[PDB]
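Student: Residue-level listing of the chains:
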Amino acid sequence: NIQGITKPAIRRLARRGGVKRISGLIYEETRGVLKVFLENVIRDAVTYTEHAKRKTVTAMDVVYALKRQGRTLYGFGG
Amino acid sequence: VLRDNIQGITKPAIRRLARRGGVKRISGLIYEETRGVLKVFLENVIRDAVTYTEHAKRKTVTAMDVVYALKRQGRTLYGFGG
Amino acid sequence: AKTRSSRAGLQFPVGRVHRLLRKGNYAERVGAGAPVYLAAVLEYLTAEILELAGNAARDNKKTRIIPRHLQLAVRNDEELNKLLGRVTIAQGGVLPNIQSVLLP
Amino acid sequence: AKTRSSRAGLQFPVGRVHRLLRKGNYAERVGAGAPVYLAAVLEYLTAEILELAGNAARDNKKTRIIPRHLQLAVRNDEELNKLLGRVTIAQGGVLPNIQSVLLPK
Amino acid sequence: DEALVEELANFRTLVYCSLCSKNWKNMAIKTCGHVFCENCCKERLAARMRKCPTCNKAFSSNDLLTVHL
Amino acid sequence: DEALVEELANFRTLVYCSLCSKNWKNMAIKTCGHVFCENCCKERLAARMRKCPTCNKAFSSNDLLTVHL
Amino acid sequence: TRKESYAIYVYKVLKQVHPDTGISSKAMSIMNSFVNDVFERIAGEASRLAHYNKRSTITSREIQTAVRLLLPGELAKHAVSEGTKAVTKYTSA
Amino acid sequence: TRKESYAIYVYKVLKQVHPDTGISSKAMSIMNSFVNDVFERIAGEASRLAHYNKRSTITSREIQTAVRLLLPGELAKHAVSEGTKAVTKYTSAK
Amino acid sequence: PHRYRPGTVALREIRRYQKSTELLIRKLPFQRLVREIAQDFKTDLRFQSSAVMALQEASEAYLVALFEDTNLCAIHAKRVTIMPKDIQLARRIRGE
Amino acid sequence: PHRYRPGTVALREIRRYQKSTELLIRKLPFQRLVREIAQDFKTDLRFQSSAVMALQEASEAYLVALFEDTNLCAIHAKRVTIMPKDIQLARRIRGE
DNA sequence: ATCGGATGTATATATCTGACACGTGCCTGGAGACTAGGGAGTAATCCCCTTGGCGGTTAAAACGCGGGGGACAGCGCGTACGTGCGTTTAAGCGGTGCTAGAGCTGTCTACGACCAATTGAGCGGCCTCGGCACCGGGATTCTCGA
DNA sequence: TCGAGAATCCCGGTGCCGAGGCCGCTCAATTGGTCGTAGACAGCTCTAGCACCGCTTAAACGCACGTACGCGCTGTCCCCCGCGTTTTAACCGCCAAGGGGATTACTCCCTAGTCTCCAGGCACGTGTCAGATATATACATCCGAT
Ligand SMILES: [Zn+2]
Ligand SMILES: [Zn+2]
Ligand SMILES: [Zn+2]
Ligand SMILES: [Zn+2]
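Chains as they are written, first to last, in the deposited numbering: chain B, 25 to 102; chain F, 21 to 102; chain C, 14 to 117; chain G, 14 to 118; chain K, 632 to 700; chain L, 632 to 700; chain D, 32 to 124; chain H, 32 to 125; chain E, 38 to 133; chain A, 38 to 133.
Hints are not guaranteed to be accurate.
[As the list claims (entries may be wrong)] Simulated pairs of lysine to any residue, SDA-like, Cα-Cα distance not exceeding 20 Å:
no.	chain 1	residue 1	chain 2	residue 2
1	B	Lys44	A	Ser87
2	D	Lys85	D	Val69
3	L	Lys688	L	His699
4	D	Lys120	C	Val114
5	D	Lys120	D	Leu80
6	F	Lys59	F	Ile34
7	E	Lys122	F	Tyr88
8	H	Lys57	G	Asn73
9	F	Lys59	F	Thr30
10	K	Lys682	G	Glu64
11	D	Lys85	B	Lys59
12	K	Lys682	G	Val43
13	K	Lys682	H	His49
14	B	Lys59	B	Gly28
15	C	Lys15	C	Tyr57
16	E	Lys115	E	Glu105
17	F	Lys91	C	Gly37
18	A	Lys56	G	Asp72
19	B	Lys77	D	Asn63
20	G	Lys75	H	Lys34
21	C	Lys36	G	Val43
22	F	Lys77	F	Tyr88
23	H	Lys43	H	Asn63
24	F	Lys59	E	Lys115
25	D	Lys34	D	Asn63
26	L	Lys653	L	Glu637
27	F	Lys31	F	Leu49
28	A	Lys56	G	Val43
29	G	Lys75	H	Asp51
30	B	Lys31	B	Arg45
Since the hints were made in silico from the structure, they are not lab data.
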């Protein structure tokens, strides 16, 4: 579940971002932020994959769902 | 031609907008900074209205070109015939 | 000779919507049951906002609807505010609020 | 029999663009010289980025462009960075930058 | 004399940027080694012209090195 | 008129190597932007004179760049 | 010449919810623009959504799912039901 | 079945600027998806201009004024200058 | 000599101006500015009254919405006065 | 023995991760998280590998772009440690 | 904390006009009825790809301890900004005049849709070797307690 | 100030699998006519955008004065970074089963297209009353002396 996003994994993203010191309460805040974004993308992906009477959500549905939210993504076709 | 009309935006006029915004105390060096932000927002909008108004072979800006220009930047405006 | 909108039971025009949808370069063909479905959704949203506007006008002892009531009703409701996110209403105004720390 | 692209002195295909414009429900009719104008623009933009990426592909002592080299081409120039302002290139990375307050004295 | 002026004119062409003929040569390109002034070079970089006026070799912004005297 | 004689000498010392005064400034240093002649450069590397004369700093093998004119 | 609008229909709807109020001409234009924007961006999603599936007709099913991708949360659950309840009546008669 | 892409034309363009330089599959797949994104934007903007003025044909003018509306600043000048030079060559050809 | 504490009058103007809906800039000075700006793209141009009014109706909203977010960055730094370094940060975080 | 001053390792690892290019979160737990989140919309679903890869790439990009905006408003308060209030202020200003 | 004086904010009654609501003429766009053909619904099938399970390495995660730098609170000072008053400037409103440009109408010609016949360009399948990945050794640079 | 120690870079050798070229083969772009409607052009009407002047008078402007707040400094203490040891499960390689995604025939009925007819929505005209404006009055609020 949501406990698979471990503290070193969270801190590596912060290091790439460019921070130098991290307070101890950050991880709990960021997990609940990521969980909200994933739901928003997946709901549209599932609606797209359900309109076409399919049973497997494909990569193009994810690409379209990302595209209509103001976030396009190159490198997966289309 | 007409020049240096940027000083028509007076200090009380700028402060009245900040009052509606909600601030309470205003620093001294805010008016010059703010006058440079409104002069940039009015170039992007007008450069598109002028582009619209010359593709139609007209030589007068209408009230629909401004609405289209504002819509093209994700700033749709209701009330003027949009 | 009955109108196409009275059969469905709506107040909005079905034929006008059909010809507007069949002439805006959307698709090569338009199904028969599409305008009936689309003209029933356009009627619900306008009533939804026009009831809140009426209540806001009534709370101010007036008997008309000036643009301020529209802005108040839109900004006071979460779903409507989210739907009408990046849109501005002329002569609208602003929702009254003051930061808590600023008060004495 | 020559091709329209060769007659117009281009590299991109004009007939395919002409067909794509027609079969897309954009307008009822399509002018004659519209594809020959639209295909000359799609090629200049491609040649710009493929020229800006070859310098990055060389400063790292490589001879084959990879997505990381395309990432550094559209982020070091205002003109292209403002056009691709909301695009996430896969396997791109970030741009090296450290705030000046963090460094030691 | 003319020879004294000619050497003055000959050396004048070496100190000033050929494009501008108004400022001392200040900016040099690593790829080709040619030296021009800093002012004339920058406006070219904003005109999307990355080819050397002399040796035609392509260059980029990072290949710009300042020179002294 | 000595008025333009001084300019030529000022022009001459600018382009001539300040060390030998016999060669053009055709070998510049990448580290600090100074320019000298190739004649006065490699003689210093014989004794490992990595310290530049003008600003007095060290250098390397890739800090010397060929320049023209 | 003439020009079309939704004025009469909006007034007819208004006299149903509040039978004793009115509306000003300046707010009428706002109400007329809102219904043109919503209809424009609902029917613009169906044409693109039918192109993905290599279809040629936009039917009621392409709109039932185009409404679900725009209206947030509670609004969609009511709009879909009211749209569906209207087609059944029309088909029967 | 068949599938179409600009992978053959991008490679031809690349060998005119950098004579000896390859390109990997991921880079090709990105450069392929960028052209479609630009093409879908230009034509999509040009259609609304035709609709606004009660016209029915997309001629060369709408493309020119749609390029001048999307590309920022100095790119538009070069794009227009490169398009209007290809069109005149095409029209006066064989 | 009946004066007021420094801020009780400015705290009332907020209530006054958050309840009324009207333009806050002078019409002629604002209209001259548009004509001055729009004479570089193309000379000898003409405007409708509605075009100028619609151009003015949007700048008010833009400036008001910008002054609301720069008041949060000043609160974040334990202040009540807004300095020019807040307008830069608020404008940079939303990308412009 | 031998130790390092607090901060040097942080700077070197910053320099390290801003030069590489692979994914930072482990793959199998993320796949499990996606499969669990998707269960509340429609049961008995199937996923392609490319869909999960695209989801991971988008999530990484979003989180990386947000951690570099919270840092910029952490410095504004003359501070060098990021905080949940900084994250909340950044999200509020961005316009969520 | 407890009164008091002054100031700005609600509260109640004329009056008066310009915009809202309603009525009528008329014309064009929407409703009926019938026809033909192509898009879409349905059945069969086959083969790729997704799910599930098993065993070994080992790389990454978890936990604990020391201590030193950074977050935070309290103080003091002095410059910048809020508040009020008198004087000056230009905006707002009204009225008149003139003409440049928007909007509509009638011609007609050149340009783009449409169809039959050709052929060469671009796509699918296969080979191959060289650029890049990886590992083992020195050489140079960076940090910290003296 | 600079030596000990650890991290990082330049170089050489080995190997492998994906980019780059080649070939055969459909089917889509090219020629060549034909026709009918969209649009370019000339002319006319009339309206609304621009320019100018005179008269209030509201608001922008400059100045004096006081004080609340921004900023710099100092001190205590607690919590996050660095480093070592131990426990976990991620990752790689391998195997097998069957589901459903994609493809191909076949039919049938639903939407485009045309002609006819008439009522509904639009332009224009008119009454009248809801709210803006002014004025006298009641009261909540705030800063000071105590
Ligand atoms: Zn020069
Ligand atoms: Zn050169
Ligand atoms: Zn020398
Ligand atoms: Zn030096």
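Student: Quick one, are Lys36/C and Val43/G close enough, alpha carbons at most 20 Å?
Tutor: Cα-Cα ~17 Å, so holds.
Student: Taken at face value, is the distance from the CA of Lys115/E to the CA of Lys59/F at most 20 Å?
Tutor: violated, 30 Å
Student: Is the Cα-Cα distance between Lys115/E and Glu105/E 20 Å or less?
Tutor: With a Cα-Cα distance of about 16 Å, the restraint between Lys115/E and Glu105/E holds, given a limit of 20 Å.
Student: Checking one constraint from the list: CA of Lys31/F to CA of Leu49/F, max 20 Å. Satisfied?
Tutor: holds, 11 Å
Student: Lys120/D and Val114/C: Cα distance at most 20 Å?
Tutor: Cα-Cα ~57 Å, so violated.
Student: Checking one constraint from the list: CA of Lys75/G to CA of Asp51/H, max 20 Å. Satisfied?
Tutor: holds, 11 Å
Student: Would the pair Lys85/D and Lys59/B pass a check requiring their Cα atoms to be no farther apart than 20 Å?
Tutor: Distance ~34 Å between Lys85/D and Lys59/B Cα, so the pair is violated.
Student: Taking 20 Å as the top limit, are the C-alpha atoms of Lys44/B and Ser87/A close enough?
Tutor: Violated, at roughly 34 Å.
Student: Verify the proposed pairing of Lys75/G with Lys34/H, using a straight-line Cα cut of 20 Å.
Tutor: Distance of about 31 Å is beyond 20 Å: violated.
Student: For the pair supplied as a hint, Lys43/H and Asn63/H, confirm whether the alpha-carbon distance does not exceed 20 Å.
Tutor: holds, 13 Å
Student: Taken at face value, is the distance from the CA of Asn63/D to the CA of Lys77/B at most 20 Å?
Tutor: violated, 37 Å
Student: If you draw a straight line from the CA of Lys653/L to the CA of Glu637/L, is it 20 Å or shorter?
Tutor: With Cα atoms ~18 Å apart, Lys653/L and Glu637/L stay inside 20 Å; holds.
In this structure, the hints that do not hold are numbers 1, 2, 3, 4, 5, 7, 11, 12, 15, 19, 20, 24 and 28, in rising order.
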